[PDB]
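Presented as structure tokens, the chain that follows is alone, the form deposited in one PDB entry.
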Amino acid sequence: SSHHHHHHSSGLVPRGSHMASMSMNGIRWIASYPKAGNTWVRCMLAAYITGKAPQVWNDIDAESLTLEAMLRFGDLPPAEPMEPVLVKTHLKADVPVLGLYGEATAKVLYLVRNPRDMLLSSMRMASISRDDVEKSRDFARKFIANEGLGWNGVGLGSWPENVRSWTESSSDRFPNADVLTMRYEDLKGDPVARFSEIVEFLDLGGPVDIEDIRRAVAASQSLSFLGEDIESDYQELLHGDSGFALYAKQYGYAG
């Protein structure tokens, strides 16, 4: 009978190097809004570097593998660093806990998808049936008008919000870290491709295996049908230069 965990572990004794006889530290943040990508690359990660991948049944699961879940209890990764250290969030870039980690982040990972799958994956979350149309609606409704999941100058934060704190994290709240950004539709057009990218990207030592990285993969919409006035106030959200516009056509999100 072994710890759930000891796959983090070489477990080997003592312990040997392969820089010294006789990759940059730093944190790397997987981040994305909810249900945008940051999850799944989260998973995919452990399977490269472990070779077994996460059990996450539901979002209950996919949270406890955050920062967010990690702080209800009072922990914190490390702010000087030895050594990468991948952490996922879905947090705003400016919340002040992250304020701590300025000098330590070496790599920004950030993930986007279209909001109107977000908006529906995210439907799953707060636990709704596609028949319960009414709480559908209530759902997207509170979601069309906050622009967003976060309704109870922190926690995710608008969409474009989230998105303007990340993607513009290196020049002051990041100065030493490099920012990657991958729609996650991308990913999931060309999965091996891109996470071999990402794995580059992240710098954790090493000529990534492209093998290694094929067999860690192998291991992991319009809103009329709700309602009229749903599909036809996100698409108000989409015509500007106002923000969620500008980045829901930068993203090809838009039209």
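Numbering follows the first chain given and starts at 1. For the two forms, the rigid core is made up of the largest set of C-alpha atoms that agree within 1.5 Å on superposition. First, how it differs from the form deposited in another entry.
Looking at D59, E197, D212, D186 after a core superposition between the two forms, you find that only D59 has a C-alpha shift of 2 Å or more.
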Given for the second form:
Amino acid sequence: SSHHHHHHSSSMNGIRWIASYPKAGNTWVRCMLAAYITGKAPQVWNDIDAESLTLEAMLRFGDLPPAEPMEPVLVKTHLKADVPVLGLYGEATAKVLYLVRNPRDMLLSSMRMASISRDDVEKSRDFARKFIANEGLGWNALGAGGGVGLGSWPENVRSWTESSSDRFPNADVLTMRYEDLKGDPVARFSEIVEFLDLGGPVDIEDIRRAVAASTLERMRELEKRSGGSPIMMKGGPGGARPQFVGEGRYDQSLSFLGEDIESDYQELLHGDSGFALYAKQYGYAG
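Given the form deposited in one PDB entry, corresponding form deposited in another entry:
Chain alone follows, minus partners and molecules.
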């Protein structure tokens, strides 16, 4: 009986948008929603996908969320709210949940997901400077929304959070900071659930269990165990893929890329662009 070895494998109905710029903690929230809706801990990615639609995925097959749902329908997107596809849901939209996150952390998260290691000085510097230059990820023609459909960060934020009585006349809108969720997951997630109004009293015990089911640790297990995908273990080098569930850090310094990059970032933060305005508004500007 020796231990410590490793195994040898060799409106009540209507659309609820879960909208966010890439890397703002959208999947975590959807995981908590799935856990909460089903009262079961999600085990693989498909358990998460089973309880909320992804617009861009659906579009890939010519599919669309129902334009007249007879139930609450959760739909994720990173697309700007003013893309023509979203205009089909002007009236059918009942809730907008918009998740925002520190652009520093979105930048670094996106970088990892682009398979750029902080060891690759040239590629990581290039990536970070493009992000700053473009006020976000809408330069990446290969990323979500083809870049253009995503917009820069301020463009995305503005589209989802402003003039909501115009775009979605029948919807309530709630903006939630990733950082606030990290701070007090149970309190903030219960606010999300109450806001989405999926029906009936929010049981704080159900909320607590849903949060417990969706911690970084549980979601790391989910990633390894999956099953589906976030978008055949140990093939060769080329089979490696960036870790989807990372550390979920806050206000990361860009200094490790070079103090000049950090300085460029600060220049951006304290300028007069929409980027700086939103960073200030959401407490990301210091």
